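Next up is one chain by itself, shown in C-alpha cells, the form deposited without the ligand.
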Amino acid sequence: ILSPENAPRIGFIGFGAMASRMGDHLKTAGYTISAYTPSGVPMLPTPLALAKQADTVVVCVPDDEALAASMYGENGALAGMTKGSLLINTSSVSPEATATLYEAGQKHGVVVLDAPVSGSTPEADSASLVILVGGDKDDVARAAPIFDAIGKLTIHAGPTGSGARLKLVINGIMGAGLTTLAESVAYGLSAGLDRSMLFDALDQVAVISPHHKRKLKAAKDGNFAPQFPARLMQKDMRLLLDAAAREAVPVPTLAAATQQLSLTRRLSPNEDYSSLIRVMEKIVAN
C-alpha cells in the first residue's frame, strides 16, 4: 500500500493547475512532492530524473503527444522507475495512448493505472475530485491513500483503459451540456427575453446540472476565469469524437457540441470553456 510510510516520495510529470492542487493535498497527507514541467516544490530537469528519485509517479499532461514526449525516449520517465512501482496517469488522453502506456509499463514491470478525474480546479482545491480508475482491484487498492487524499470518491471503472473511457463519457456530457445551455440561452435572448430574467429563471429549473448552473451564474457576471480552459475542453471533445468514430457509434449531439467548442477555443483558448455563452450572446447582439 502506497501510504506515506511505505512510499513517501511522489513525483509529478506535469505540474499545472490541477496537478499543483493535488500535490498540496498529498503534501498535507504526509507525502514529499517533486515535479517536472517542460517549462521548468523541488523541480527536476527531465522526466527520467523525476522518475529516478520518486517512489510513485503521477502524470498530469495535456494530450497524447505530451504523454509520449515525457514517458518515452532518451529522457523519458518510464525507464526510470523500479519494477513493482506504480505509475498513476491522471491525464485525459486517448484509449490508444492509454493502451500504449499500459503495455510499455508491463514490459518494464511497472503497473500503470489510468486514473483521470472528474472535477475541475474548485474540486481539486477541496479534494472533492472523483477518481475514475482502470486496473486490477489489488493495484487500485495500493493507490487508495493517494486517491483518498486528492478526492472524495474512487470509482473502479474496470480493467486497464476503463478509467480513460469513463472520463471521455463524462467529458462529453459536460461539453455538450454547456453548448446546449449556451444555444438555448442564445435563442431566448434573440427572442427578446430580458437577460437578467433569463439567467435567473434557468437557475430555478431541474433540467440543468449543478455544474452548469454554476457556469451560468459565472456567465451572468462575465466571469470566465479558467477553471477548465477551452483549449483543454475542446481537446477532450476531439478525443471523444475520435474514440466514438473508432467504435462506430453515431453521436450527433456530441459531434455538434465539439464544433461549437472548436469555435470557443479559436476565439479564446485560455478562458474557461463556458465562454461559449458569451460568444453566443455576441452572435445574437450582432
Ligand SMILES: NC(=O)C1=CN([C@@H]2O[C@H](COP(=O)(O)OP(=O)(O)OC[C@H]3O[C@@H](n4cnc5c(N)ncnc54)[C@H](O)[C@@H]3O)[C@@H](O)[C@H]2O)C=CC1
Contents of the next structure:
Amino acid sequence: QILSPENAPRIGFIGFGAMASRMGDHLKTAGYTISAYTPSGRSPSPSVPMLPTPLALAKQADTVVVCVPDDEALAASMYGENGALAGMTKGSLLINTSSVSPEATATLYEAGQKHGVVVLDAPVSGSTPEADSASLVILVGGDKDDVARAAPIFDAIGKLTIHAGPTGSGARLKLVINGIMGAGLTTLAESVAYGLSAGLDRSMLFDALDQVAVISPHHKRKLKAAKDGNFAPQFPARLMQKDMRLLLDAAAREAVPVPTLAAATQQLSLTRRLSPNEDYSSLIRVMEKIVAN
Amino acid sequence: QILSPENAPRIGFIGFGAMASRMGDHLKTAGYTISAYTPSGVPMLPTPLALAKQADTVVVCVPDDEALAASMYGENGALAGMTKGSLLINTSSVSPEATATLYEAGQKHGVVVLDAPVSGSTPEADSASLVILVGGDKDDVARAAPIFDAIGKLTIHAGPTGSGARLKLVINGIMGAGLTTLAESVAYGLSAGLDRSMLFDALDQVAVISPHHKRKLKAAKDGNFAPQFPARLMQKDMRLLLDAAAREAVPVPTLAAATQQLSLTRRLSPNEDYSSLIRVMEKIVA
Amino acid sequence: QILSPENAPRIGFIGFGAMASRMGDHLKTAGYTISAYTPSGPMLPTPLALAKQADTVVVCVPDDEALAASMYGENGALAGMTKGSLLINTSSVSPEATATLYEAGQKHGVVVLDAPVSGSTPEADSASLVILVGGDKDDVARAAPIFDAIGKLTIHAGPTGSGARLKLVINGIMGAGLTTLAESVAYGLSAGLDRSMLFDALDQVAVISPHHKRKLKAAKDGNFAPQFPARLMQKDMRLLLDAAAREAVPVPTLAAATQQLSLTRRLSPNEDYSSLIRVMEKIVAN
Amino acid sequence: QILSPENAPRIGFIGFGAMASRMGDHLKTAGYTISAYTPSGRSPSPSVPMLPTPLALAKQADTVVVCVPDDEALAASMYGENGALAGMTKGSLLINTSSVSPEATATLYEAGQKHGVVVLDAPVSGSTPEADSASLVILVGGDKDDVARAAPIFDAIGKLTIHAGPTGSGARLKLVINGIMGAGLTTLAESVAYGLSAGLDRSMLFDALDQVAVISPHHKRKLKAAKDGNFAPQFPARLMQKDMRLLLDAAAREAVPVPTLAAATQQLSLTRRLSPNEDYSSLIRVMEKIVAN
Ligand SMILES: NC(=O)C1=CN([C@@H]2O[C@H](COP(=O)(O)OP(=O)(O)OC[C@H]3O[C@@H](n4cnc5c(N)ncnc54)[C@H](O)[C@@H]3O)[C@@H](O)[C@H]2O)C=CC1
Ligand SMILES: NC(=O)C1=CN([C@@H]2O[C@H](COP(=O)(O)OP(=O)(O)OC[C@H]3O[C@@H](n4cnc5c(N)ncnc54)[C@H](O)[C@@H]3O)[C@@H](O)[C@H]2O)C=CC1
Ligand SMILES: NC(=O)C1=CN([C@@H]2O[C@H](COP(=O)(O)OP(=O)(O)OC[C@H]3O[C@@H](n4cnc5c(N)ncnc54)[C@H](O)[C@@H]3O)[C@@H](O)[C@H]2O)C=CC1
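Next block: the form solved in complex with the ligand, after the form deposited without the ligand:
Every component of the complex follows; first up is the chain already shown.
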C-alpha cells in the first residue's frame, strides 16, 4: 500500500519544469526511477527518459506526479485521446502538485474516482531554492490513508507535510499562501517606492528594511536580491500573476471581499506585462522606475 | 554636548502614554530624571512650557499633527520654554509637513529637532528593543545616542531632517497592509471550507508571513485583540502615508486598499488592536 | 438566408428568464413562434429536443457552466441543429466559453454569434436593448430581423468574440459606476450631509450616468427590487477581472469595485445590485 | 441686504484663473463691477482691474469671491495683515468657490466670524465649458438668509443653487461629486484598456461606448475628446488628483471605507506624475500606452 521505492519504484511526471525537475532529483536519490512527459519533449534533466504522450507516460509508471502551469494544461494532458488518467491502473495514486483552481481540482478528483484512481491535490509552498534543498512544505487534500500511502514521496521532496483536509483542501490552502506572498511583495514594492519618492537614500532604505520585524523572511530575501537588481526567475511573474488570478476568481465565487489581494493582483498584472519571465519580485524595479520618472 | 545623564540629567516628556511611559522607565534605569506633561494631568507639570523650562532634553510622544501643534507652539507651548543649544526629540508618528514645520520652528529658537519615530510596539518598548528611525545632522544624532540606546536596540540614521518621519511611514505601510493581506487570505480560506485550527496552525509554518504578523495571527486564533497598537492609531498612520504618497504622486494601490480595510476596522472597534480586522473578516464569512 | 419570420419562423430558447421571456414577447409580436427549454420547466424536455423543432436557437443562460451543460453532448442543443442554421448566444459568458462554443458550432456547420446585450429588464420590456455582436458581417445581417425586434441598435463589434469582450467592458463601467456612487454617498452621509439633500443634489449633476441616476432614485426610497440581481452583476465582474488578468491589464478601480460587489452579493444575492448603496449607508449609520 | 448689482455692485476676486475669469464675465454681464487679485498680477481678462494685495482688493469691493487652487493658497491670501479678511468690513459676505478641505473651510469660517464677515463655502460643479455657459451648479453651505443674500450672484454664474446645509456642507458635497467624477474617469479608462487589450478596434470601441446609458454625459464628452487625443486642460490632472487626495483624507478622518475611490486616487496619482498640466482625462491615453506596451 505504501508507495515506497520497493513497492512502487516508477514515478512518471506530467510536466517537468523548474520545480518538477528538482523534485525528480530528490526522488531519484531516494531510490525511485523517474520518467517524464512534456509537450515540447525537452526538460532541464538530460538523463530523464521522455515519453511521447501523457498516456504513454502513465502506462509505464506506478505513480504519476503532475506539475503543470494552469487548469488548461492540466486538462490538455489528463483528458482526451492521449490523456494520462486512462493510462493508470485502479488503486494507483495521482499526485497533483500543480497550482490550479478549486474547480480544476474537483474535476480531476471526480474523473479519478470514475477510473478508480485516487487523486491527491498536493501543491507545495516553497520555490526553486526550497525545491533544491527538499525543504518544500506539502499542502495536501485527501483521505488520511491516501496521504499515508504517499508519505515517502512527500518526505523525499519536502520537510513537512500539512494534511489540509479532504480533497480540494490543499488547492485552497495554496491559494491562501499565494495571496499572502503576492500581496506581501506588492506592499513592499509600493512602500519602498514611497520612500524613494520622498528622498530616502536607496542603499540606506533597503538595508533599514532588512532590520524590521514586519517583513517576512521570504520577502527580506527578495528585497536583498532587488537591491542587487537580481530577478533571475525563482517564481516567474507569469506564474505568480496566474496564481493571483486563480485566487481572485475563487474569492469571487465564495463572495468574500478581498480588496488588498485584488489591488495586489493588478500590480502583478503590470509586472507580468513588463517582464513575464523574470522573478515576480521585479515589481520592485518597476516601482523604482516609476518614481525615477 | 553628548546628552548623557551626567551632562543632561533631566528628560522631560510631552505626552506620556503606553509607549512613552515605557521609554521613560528605561531612561530612569539608565540614570536620567524623568518629568512629563499630559493634557489630562513621575512628576507632572501643568503646561508644556512649564515642562520644558525644567528639562534639559524634551521628548515628544503625541498622537497626531494636531496634538503636536497644540503642545509645541504658542506662549504656553514647549518651544517657548526651551533654551538655545538644547535638543528636542520627536518620537511621534506625524506627517512630513508637521515635521518640517517643527524643525523650522525649532531653528528659530536655537533648538535642534530630531524626527525620531520608532518601529516596535508596547512589547518592544518594554524590552527596549525599539528601532529608532532618526533624521537629522550626524552630530546631533550622536548627541542623542545614550537616550536612543536606553530605549532601543538599534538606531537607524535615515538621513537629514524629515528622513525619520518618512521611513516610519514606509514601515507603517508594510505593517498595515501585511495585516489586511493576512486577514483577507484567512477569510478566503475559511470561506472555502478549510478547518480553522488547521489553517491558523499551517500559516504559522510558512515563510511568507512576518514574525510580527505571526504573533498577531496566534492572538487572533484565541480572539485576543487587547491593544498593543490600536486600530485608531494604525488607521491614522495609514491616512498619513496615503496623504504623503499622493503629495509625491506615487501610485500605491495595495496600500490604498489596506487603508480602507483599516478604516472599517477603526469604525467597528477603534481601541482594540489593529489586528481585529481578522475577526471582522471571520464574521463577514460566517 | 435572412432569418425573417417567413424564412425561419421557429425560434427556440435555451434558458427563458427575466430577459429571455421579455425578448420572446417582442419576437412573438414580430411574428415568430417561440419555444423554450429550461432545466426546471411551449416548453421542450431537453436542449436537443428544443433545437430539433426550432429554426434559430437563442441562448440566454447565466454562466459558462450552464452554457456547457446545455450546449454539448448528446442531449445538448448543438446535437439537434442543422448545418447552415445559426445560434445566437445572448448570455454574459467568458471569452473562453465563447471561443469554445464558436469552435463547436463550426464542427456542426452552425454559425455562433456572440450577441450579449446592454440594458436590463426595463430596456428588454421596451425593446430598447443595445445588441453587442461578434461575427462575420454576413452572418450578422442574417440575424438583423431578430436583433431589430428585441433592441433599438445593433453594434457590430468585430469578429467572433468581439461581442463578449465589449459586454465585459460595459459591465465594468456599470459595476464600478455603482460602487463609486455608493462610496461617495457614504462619505457624504458620514460627513453629516442631509440624506434627502444629498440624493436630490446628485440627481442634478452631469458626472452620473442616466442608468445610475435611476438606481440612485430607487435607493433613496430603499427600493431594490431586482432588475439586475447582485448575484449576476458580481458574476459579470468576476468574468471581467479574470479576462483582464489573462490579458495582463492592470485595472485597480474595477478590481476594487468587484470586491464591493462580492460583499453586496453575500449580503443579498437576489436584490438589485444597487443594494450596495444601502449596505454602505448601514456601515456609516453603525 | 440682497447683493444685487443695485445694492452691492462691486465684486472683487481673490484668484482669477480659468473658472474665476469666466464667472467674472457673467457677473460683468449681470451688471457688477469686477476687480481681481492674483499673486502674479495677471489674468486671462486684461480688461479687469488688478489689485496688488488681497487687502487692497477687499477694501474696494462690496463682496469678495475666492477661487484659489488649494488650502495653502487659501491661507496665504485670507490671513495676515495683507490678507483679504483684514480688508473686509463687518457685515459683508465672503464667497469661497475654491475646492479645499473641510478643515480649511472650518478655519476660514471661524476667522471670518472674528471679523464680522460671513463666509459661504460655495464650490461649484461644472468645469470650464459650464463656466462659459453659466451652467454651473453652486453647492453652498451657510445659513439660509445668507444664501438668499447671495442669490443674484449665484444666479449669474450658474443654473442651479443647491443649499447643502450649514457651513462646511458645500465643501463636503463638492468632495462627494469630485470622487464620482474622478473614479468615473478611471473606471472608463480601465474598461477601455481591457477592451483594447482584448483586440477590440479602437475606433469601434470609442464610438460604441458613446451609445450606452451607463456612462455620464461628462465622461462621454471626455471619451470623445480622448478619441482625438485632445487633453487640453479643462480640469488639469494636478487639481483633480489634489481633490482626490482631499476626499481620501476626509474619508479616512470619518473612518468610511471607500476602496473604489481609493483605487481611483492611485490611478490619478500616476496620471499627475506623467502629465500634471493636461486634462485629468489623459489617463485614457496612459492606459492605452500601457496596453500598447
Ligand atoms: N516557485 C515556483 O516556481 C513554484 C511553482 N509552483 C507551481 O508549480 C507548477 C509548475 O511550476 P514551475 O515548475 O516553476 O513551472 P515551469 O514553467 O518551469 O514548468 C512548466 C512545465 O510544465 C510543462 N507543461 C506545459 N504545458 C503542459 C501540458 N499541457 N502538459 C504537461 N506538461 C506541460 C512545461 O513543458 C514545463 O516542463 C505551476 O503550477 C506553479 O504555479 C508551485 C510552487 C512554487
Ligand atoms: N439585467 C439583466 O438581467 C441582464 C442580464 N444579462 C445576462 O443574461 C443572462 C440571463 O440573465 P437573466 O435572464 O436576467 O437571468 P435569470 O436568472 O432571470 O434567468 C436564467 C434562466 O436560465 C435558466 N437556466 C439556468 N441554468 C440553465 C442551464 N444549465 N441550461 C439552460 N437554462 C438554464 C434558468 O432556469 C432561467 O430561465 C445572464 O448571462 C445575465 O448576466 C445581460 C443583460 C442584462
Ligand atoms: N474644472 C475646473 O477647473 C474646476 C476647478 N475648480 C476649483 O476651482 C479652483 C480654481 O481652479 P481653476 O480656476 O481651474 O485654476 P487655475 O490654476 O486656472 O486658477 C488659479 C488662480 O488662482 C491664482 N492663485 C494662485 N495662488 C493664489 C493665492 N495664494 N492667492 C490668490 N490667488 C492665487 C492663480 O494666479 C490663478 O489666478 C481650484 O480649487 C479648483 O479645484 C472647481 C470646479 C471645476
